[PDB]
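**Student:** What follows is each chain in one-letter form.
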Amino acid sequence: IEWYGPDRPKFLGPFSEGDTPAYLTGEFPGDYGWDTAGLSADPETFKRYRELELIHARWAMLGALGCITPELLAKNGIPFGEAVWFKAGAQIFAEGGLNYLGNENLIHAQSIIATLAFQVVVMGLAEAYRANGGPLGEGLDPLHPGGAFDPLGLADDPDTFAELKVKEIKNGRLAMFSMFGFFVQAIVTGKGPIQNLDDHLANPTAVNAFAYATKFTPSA
Amino acid sequence: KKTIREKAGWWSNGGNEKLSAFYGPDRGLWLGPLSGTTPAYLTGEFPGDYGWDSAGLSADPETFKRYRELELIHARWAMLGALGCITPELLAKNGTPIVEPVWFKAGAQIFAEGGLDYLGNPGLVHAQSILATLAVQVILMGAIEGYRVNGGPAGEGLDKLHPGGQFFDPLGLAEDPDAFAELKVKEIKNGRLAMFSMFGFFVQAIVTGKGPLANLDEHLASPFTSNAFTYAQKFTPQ
Amino acid sequence: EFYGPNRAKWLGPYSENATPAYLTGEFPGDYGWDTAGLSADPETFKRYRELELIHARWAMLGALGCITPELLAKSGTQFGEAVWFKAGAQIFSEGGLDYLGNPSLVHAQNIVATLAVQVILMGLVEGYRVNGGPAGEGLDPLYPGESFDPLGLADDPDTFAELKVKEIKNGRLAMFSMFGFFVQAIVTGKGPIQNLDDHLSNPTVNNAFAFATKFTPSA
Ligand code: CHL
Ligand code: CHL
Ligand code: CHL
Ligand code: CLA
Ligand SMILES: CCCCCCCCCCCCCCCCCC(=O)OC[C@H](CO[C@@H]1O[C@H](CO)[C@H](O)[C@H](O)[C@H]1O)OC(=O)CCCCCCCCCCCCCCCCC
Ligand SMILES: CC1=C[C@H](O)CC(C)(C)[C@H]1/C=C/C(C)=C/C=C/C(C)=C/C=C/C=C(C)/C=C/C=C(C)/C=C/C1=C(C)C[C@H](O)CC1(C)C
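Protein chains in written order, with the numbering used here: chain A, 1 to 220; chain B, 1 to 238; chain C, 1 to 219.
If we strip away everything but chain A, and leave its shape as in the complex, we get:
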């Protein structure tokens, strides 16, 4: 395994030698040679698309975590009102309000306007500092700053920094694909994805996705 250069692990393996793009060399992390749609021909579109991919990846990682750890954590102990992720916004409208750990003494969140207003105000300057400038650094790598973001300092040697970049982008593409799976298997079942996992593990042959295949057929 190399993850760079011309002999890299590619998305079709043996079927990837004639498909492989001429604009897609072995430079950037995660380049499996997959631009069959042709959307990275000029390098600044590829730069904005790599930035888009890494930001969507790093958001979908924490999105999958905030998806399954309420449901798994409610399965272990610590019961909630609406433990599933895609009813989790409805806990503001509850008579007891959204709570972080469910207990009544933490936050007492009854307002949706205050939370949304505060997070918009703080993330305006946060994502603006992400775009350019900021007190933690201005002219760094805009996708991989480091410095005031690395208390442990795992970007010391360029070899382990490069392999951390490729496992970052691979875990993030897995998280984006699985978050797409969370999105679609929420709406075809109406039930939680960990509860979908136990439903699949109870009956693998007939409680799979194909039981919900006749659901979306149009009426009349």
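Simulated from the structure, these hints should not be mistaken for laboratory data. Do not take every clue at face value.
The calculated DSSO-like cross-link candidates involving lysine-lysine, where the alpha carbons are at most 27 Å apart (straight line), are [stated by the list, open to error]:
hint	chain 1	residue 1	chain 2	residue 2
1	A	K215	A	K87
2	B	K65	B	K184
3	C	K9	B	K234
4	A	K47	B	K65
5	A	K191	C	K214
6	A	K87	C	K86
7	C	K86	B	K210
8	B	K160	A	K10
Given the coordinates of chain A, work out where chains B and C with the ligands should sit on it, guided by the hints.
**Tutor:** Coordinates of chains B and C with the ligands only, in the frame set by chain A:
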């Protein structure tokens, strides 16, 4: 100058202006005479060039050849779809006992009691499990679609869109240069027509929920009452 | 401001490096927002500028054509049907499509003939946009002039560029408003000035969060 039998096109030997209307700058365009500025990269050397890149997505030539690949593959898939959507309904109106001949409900036939009878016959396919069907589909399609991009047992160094060797042109219609260049634009025009018609199949299945041949019969019976506008009130937001 | 390298940008004070190098301030409303890089190629930039201004003018025309029957329902005429996502059903009524509630003014019956006359006029006037015609011939396809400006407000080029950036800013606000009309028609089911009447009745409950629950699957 020109006599009557040449204007009808009796003699297929002296036809050299046949590709002049589909290739080169003096070809037909998308808005006809109401399309003056053809995009300067769509020079007409490719089949299906009606000068239409209004959204400008195909200015770069690499993106343009990838979009040409996607267009021809989607064209052939939609051609096979629009032939394979109506023909169960055509054979059900024939009298062959297909039990759910509409295409948008044919996938649920494998969840029946007797499985998936192919032409309504247990002597045919009679597939029960959707799981082994999708498994052999993903194995066979992985092999075929991986052979497609970089060659394989049916041609290795051939063209990625038009191989035409001993396996993909076995009848040999594309031996001639001009006949191949004419049937290329014939192929992509029939494929764009079938892509438009498959989009029509999708929207017709969504908003009506009946068969496309049932939609054709309900438009042939009442054209002015049973148009697309009598189902325009079906997505009103209450 | 509004042109050149020292113009108004989309992040404002935090917009000195995120703006792309190919978005130089010569085209109207160049706030430097190409965060997906889709207009990096100049032909993509020109075609997307054409799509943006045409979508802009169609959106502002659609915004006024959607809200003015609502303001006239406030004013006092009843039309055939005031609600813009139920406005196409006037031609399906028994009395037909009366324009201002007047049965002797339009009284349209056939929706198929309305679509036929509509496509026969609109295909011609949309194909005339590309390569001139009776109005113009070979002008700027985004800013023709000389037949669609009977008053002719494009005399001074500084005021012309000012009106250009004013047009494209009103147009981005208009597509914003039409997207809002689209996604608050489907979640509420009431007209947009009627949603304004709800939000002015009680401002803290008649929000989008009153209807933020209705799109859960729930088996
Ligand atoms: C040699 C065999 C081989 C095959 C068959 C594949 C298969 C694939 N790999 Mg690959 N790989 C292979 C070798 C290898 N891969 C990888 C590592 C990777 C990675 C990291 C990735 C891939 C990805 C892909 C996909 C890219 C093409 C595509 O998008 O399909 C398009 C066609 C389909 C997806 C059809 C299959 C689905 C199904 C049959 C149809 C569904 C029908 C629905 C019912 C219709 C929907 C209903 C409507 C109403 C919405 C494809 C599925 C990419 C991927 O996972 O994308 C999802 C990807 O990110 N591979 C390695 C390690 C180096 C390989 C080693 O040899
Ligand atoms: C000179 C007159 C002339 C006109 C007006 C057109 C018109 C058109 N041709 Mg062209 N052609 C013309 C001459 C010629 N064409 C062709 C050969 C072709 C081909 C091969 C193709 C075209 C296509 C097109 C379309 C390209 C633009 C588009 O996609 O519009 C799209 C927008 C509209 C059509 C308007 C929207 C429809 C409706 C009126 C409004 C919406 C109504 C709904 C009720 C809205 C409700 C929906 C809600 C829910 C959202 C356009 C309709 C392409 C096509 O068919 O694309 C569809 C195409 O592939 N033409 C030749 C032979 C050389 C011509 C010779 O003179
Ligand atoms: C200094 C602070 C400052 C910041 C941080 C921004 C940044 C912004 N400006 Mg701005 N500007 C700022 C000052 C100025 N601007 C401008 C001129 C402009 C213009 C002309 C424009 C902007 C626009 C924008 C927006 C572009 C990014 C975006 O689309 O949001 C992306 C992030 C989100 C959408 C997150 C939304 C928040 C919330 C989480 C949503 C809730 C999520 C849902 C619940 C989930 C959905 C559920 C399911 C069902 C799908 C953003 C708010 C553009 C705009 O308005 O686009 C909309 C625009 O056209 N600015 C000027 C004049 C010089 C400024 C003065 O200083
Ligand atoms: C990689 C993350 C991941 C994981 C762990 C799961 C796991 C699961 N999904 Mg989710 N899903 C995913 C990704 C994932 N899916 C993605 C990317 C999509 C979008 C296409 C979906 C869409 C989806 C729907 C719509 C549904 C599920 C369901 C399920 C459950 C039953 C399995 C099933 O029906 O197959 C569905 C699997 C897919 C559609 C594709 C997933 C990709 C896999 C990893 C590749 C196939 C490998 C497989 C082991 C070999 C199959 C052999 C043969 C059948 C072809 C199971 C818990 C069902 C459920 O809730 O059960 C109760 C259900 O209704 N999933
Ligand atoms: C140079 C070599 C050229 C080879 C060309 C390919 C020849 C292919 C021959 C047909 C093979 C199909 C068999 C598929 C598996 C079936 C297994 C099975 O269970 O069978 C079971 C079936 C019987 O099963 C019956 O099927 C019927 C179909 O309607 C009914 O439904 C009955 O109810 C059912 O009992 O047995 C057969 O049909 C075997 C017949 C094979 C020969 C058919 C006549 C063909 C003779 C001419 C061949 C022409 C070749 C050129 C044309 C093709 C060009 C590509
Ligand atoms: C040109 C241009 C130009 C400008 O400038 C810009 C723009 C506008 C962007 C552009 C345009 C574009 C377009 C139009 C697109 C479209 C497409 C389509 C429609 C496709 C289809 C597509 C379609 C398709 C694929 C289809 C396919 C089909 C298939 C597979 C099959 C199916 C089937 C069948 C048999 C039946 C059974 O039962 C089942 C199934 C399975 C269901």
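**Student:** Now, for every hint given, state plainly whether the structure supports it.
**Tutor:** Okay, the hints, checked on the actual structure:
{"no.": "1", "hint": "A:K215 x A:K87", "result": "21 Å, holds"}
{"no.": "2", "hint": "B:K65 x B:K184", "result": "15 Å, holds"}
{"no.": "3", "hint": "C:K9 x B:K234", "result": "43 Å, violated"}
{"no.": "4", "hint": "A:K47 x B:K65", "result": "21 Å, holds"}
{"no.": "5", "hint": "A:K191 x C:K214", "result": "16 Å, holds"}
{"no.": "6", "hint": "A:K87 x C:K86", "result": "32 Å, violated"}
{"no.": "7", "hint": "C:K86 x B:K210", "result": "25 Å, holds"}
{"no.": "8", "hint": "B:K160 x A:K10", "result": "19 Å, holds"}
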